[PDB]
Amino acid sequence: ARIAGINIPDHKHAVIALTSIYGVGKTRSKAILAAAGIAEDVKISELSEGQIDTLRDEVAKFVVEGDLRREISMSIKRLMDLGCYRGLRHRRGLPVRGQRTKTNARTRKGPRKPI
Amino acid sequence: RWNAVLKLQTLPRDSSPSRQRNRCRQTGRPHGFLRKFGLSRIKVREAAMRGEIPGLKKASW
Amino acid sequence: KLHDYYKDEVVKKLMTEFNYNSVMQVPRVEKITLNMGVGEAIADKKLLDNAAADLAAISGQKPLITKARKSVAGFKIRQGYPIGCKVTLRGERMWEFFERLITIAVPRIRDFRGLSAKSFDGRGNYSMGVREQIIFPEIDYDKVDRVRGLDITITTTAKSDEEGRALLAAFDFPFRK
Amino acid sequence: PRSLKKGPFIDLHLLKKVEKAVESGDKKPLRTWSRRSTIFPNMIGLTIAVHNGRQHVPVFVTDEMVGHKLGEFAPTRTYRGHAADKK
RNA sequence: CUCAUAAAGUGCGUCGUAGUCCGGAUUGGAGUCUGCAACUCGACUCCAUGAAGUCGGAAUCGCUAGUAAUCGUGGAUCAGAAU
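Residue numbers (PDB author numbering), protein chains in the order written: chain AM, 1 to 115; chain AN, 40 to 100; chain BD, 2 to 178; chain AS, 1 to 87.
Derived by calculation from the structure, the hints in this document are not laboratory data. Ideal Cβ positions, reconstructed from N, Cα and C, are used throughout, including at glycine. Just so you know, not all the hints are guaranteed correct.
Pairs of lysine to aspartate or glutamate, DMTMM-like flavour, derived with a Cα cap of 20 Å [what the hints assert, rightly or not]:
| id | chain 1 | residue 1 | chain 2 | residue 2 |
| --- | --- | --- | --- | --- |
| 1 | BD | 144 | BD | 162 |
| 2 | BD | 178 | AM | 71 |
| 3 | AM | 12 | BD | 146 |
| 4 | AN | 46 | AS | 19 |
| 5 | BD | 8 | BD | 146 |
| 6 | AN | 82 | AS | 23 |
| 7 | AM | 43 | BD | 143 |
| 8 | BD | 13 | BD | 112 |
| 9 | BD | 119 | AM | 71 |
| 10 | AS | 20 | AN | 53 |
| 11 | AS | 87 | AM | 81 |
| 12 | AM | 77 | AS | 64 |
| 13 | AS | 69 | AM | 81 |
| 14 | AM | 43 | BD | 162 |
| 15 | BD | 144 | AM | 53 |
| 16 | BD | 32 | BD | 112 |
| 17 | AS | 6 | AN | 85 |
| 18 | AM | 77 | AS | 72 |
| 19 | BD | 14 | BD | 143 |
| 20 | AM | 12 | AM | 46 |
| 21 | AN | 46 | AS | 23 |
| 22 | BD | 144 | AM | 46 |
| 23 | AM | 61 | BD | 133 |
| 24 | BD | 14 | BD | 173 |
| 25 | AM | 61 | BD | 164 |
| 26 | BD | 119 | AM | 67 |
| 27 | BD | 144 | AM | 49 |
| 28 | AS | 86 | AM | 81 |
| 29 | AN | 75 | AN | 91 |
| 30 | AM | 43 | AM | 67 |
| 31 | BD | 178 | AM | 67 |
| 32 | BD | 119 | AM | 65 |
| 33 | BD | 144 | AM | 71 |
Anything over 12 Å on all C-beta distances counts as not near chain AS; from chain AN, calculated [to be verified]:
| id | residue |
| --- | --- |
| 34 | 49 |
| 35 | 50 |
| 36 | 53 |
| 37 | 56 |
| 38 | 57 |
| 39 | 67 |
| 40 | 83 |
Put together the whole structure using the sequences plus the hints.
In structure tokens, the structure reads:
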């Protein structure tokens, strides 16, 4: 069934099925089933409507999806706008050398590539 | 450093004479010193290889 | 019902304190285009079935399959392939689905936020972002296989960012800053 | 790419006392001249003042800052930002 | 006295053929340890990510018995990159 943000674990145990989530893993898979009181050896197709309900609400309170990916993008954007080499490394569109990369470097690059 | 090496000061603070510690004479490291030589584990080795330490010799197998 | 007061009552009030102009231009009729989430890729010959078989329960009529104009371009496109499948029409229907959509069922999802980011910037067509699992007062709890998550659009002819979204927060909540 | 090998540099006149203050927590802002030194664990949480060449600027070291030199957080030149200089 | 738990093995339970509870590359975050000190140059632990790969075009290599093949363990060098 569907729990968090876009996830459809089908035909598998309650444990391994939840392991397919970007946020929770094995450690979290066991603790959640123990808190909601659910058999870990039961398939997702054998779970009742009441069991899944208590599973969604609890697993709900967690961090996942886009909102998290934007936090990552921002983290890479902050050191990118500054004078940090690591940020320039993320781009790697910078000079790898020791001569100039800005111009006159076609002897290694080859034909001019589109901007 | 120059501030931590207050050990050089013969007279300890409020603490009893027991306050006086050790500190290496060469590097000035308090971690692991060797009373006999007063040098740290790092300096005793460097001084050993150089041969500046009399009577000292590298043990062999 | 609660849909008439808007456009005769709450359209003059929102055009007096921060406008000072005529009575029209802000906001008419004209159909509202309802698009579909790219069916391509997903799977093979099907899904077009579980389509028009769900987009025929929320509203009336069925979607029409239409191809493109037979004219090859600089892209992998053959002659005679069904791409698009769009059907938008109105009259007086596109009014009720702005009531039973943003009143009940929400709040009543499972983990709704509340704070939305600045969708549009220099136009009118807002934007959106919804997930695959939704709880509607017009959909069965146990009998529908494969959850469907579709967006929500709105066409407007505004001129400034403000003097807008001041009519959206007049019924369709929430929206914190 | 940076360079280290295995000989990270930490001026002894800014690494031994910084450890002193560790006797019972940390100590108020300090001032070091050699920005060449690199930032490491112990220095976390403390406020070291780097010399730009004119004065000492307070640089609150953080775990995220660990690894970079003290000089990297002490700008040499001074640009006003001729404008509204917002954000 | 300790490093030690030997591993495969045995008993019981679990997983279904899909790039998968196959496979682990890469990368993000946190941390331990050695060392004066590991941002190009460490090893290791945990979480997250989880690629190529579904067995391979022309030639060519190793062996006749507890040996082949296969599995795990201790040691010399030694503070620490031995697959």
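Practice task
Please settle this one: residue 53/AN was flagged as non-interface, so is its CB more than 12 Å from every CB on chain AS?
Solution key: holds (14 Å)
Practice task
For the pair supplied as a hint, residue 77/AM and residue 64/AS, confirm whether the alpha-carbon distance does not exceed 20 Å.
Solution key: Holds - the C-alpha atoms of residue 64/AS and residue 77/AM are around 15 Å apart, at most 20 Å.
Exercise for the section: Could you grab the alpha-carbon distance between residue 12/AM and residue 46/AM and see if it respects the 20 Å cut-off? Expected result: holds (10 Å)
Problem - Given pair status - residue 162/BD, residue 43/AM, alpha carbons within 20 Å - result: Not OK: residue 43/AM and residue 162/BD at ~51 Å, beyond 20 Å, violated.
Practice task
Verify the proposed pairing of residue 144/BD with residue 49/AM, using a straight-line Cα cut of 20 Å.
Solution key: holds (12 Å)
Practice task
Take the C-alpha atoms of residue 75/AN and residue 91/AN, compute the straight-line distance between them, and say whether it is at most 20 Å.
Solution key: Satisfied, since the Cα-Cα distance of roughly 15 Å is no more than 20 Å.
Problem - Pair hint residue 87/AS and residue 81/AM, alpha-carbon separation not exceeding 20 Å - result: Distance ~13 Å between residue 87/AS and residue 81/AM Cα, so the pair holds.
Handout entry: residue 178/BD paired with residue 71/AM [C-alpha distance capped at 20 Å]
Key = holds (18 Å)
Handout entry: 20 Å Cα cutoff - pair residue 178/BD, residue 67/AM
Key = holds (16 Å)
Handout entry: No chain AS beta carbon within 12 Å of residue 67/AN's
Key = The assertion about residue 67/AN is violated, with a minimum of 8 Å to chain AS.
Handout entry: Restraint status (C-alpha distance of residue 32/BD to residue 112/BD at most 20 Å)
Key = violated (33 Å)
Exercise for the section: Below or equal to 20 Å on CA atoms is what counts here, so check residue 69/AS against residue 81/AM. Expected result: Roughly 19 Å separates the two Cα atoms, so the pair holds.
Of the numbered hints listed earlier, those contradicted by the structure are 1, 5, 6, 8, 14, 16, 19, 25, 30, 33, 39.
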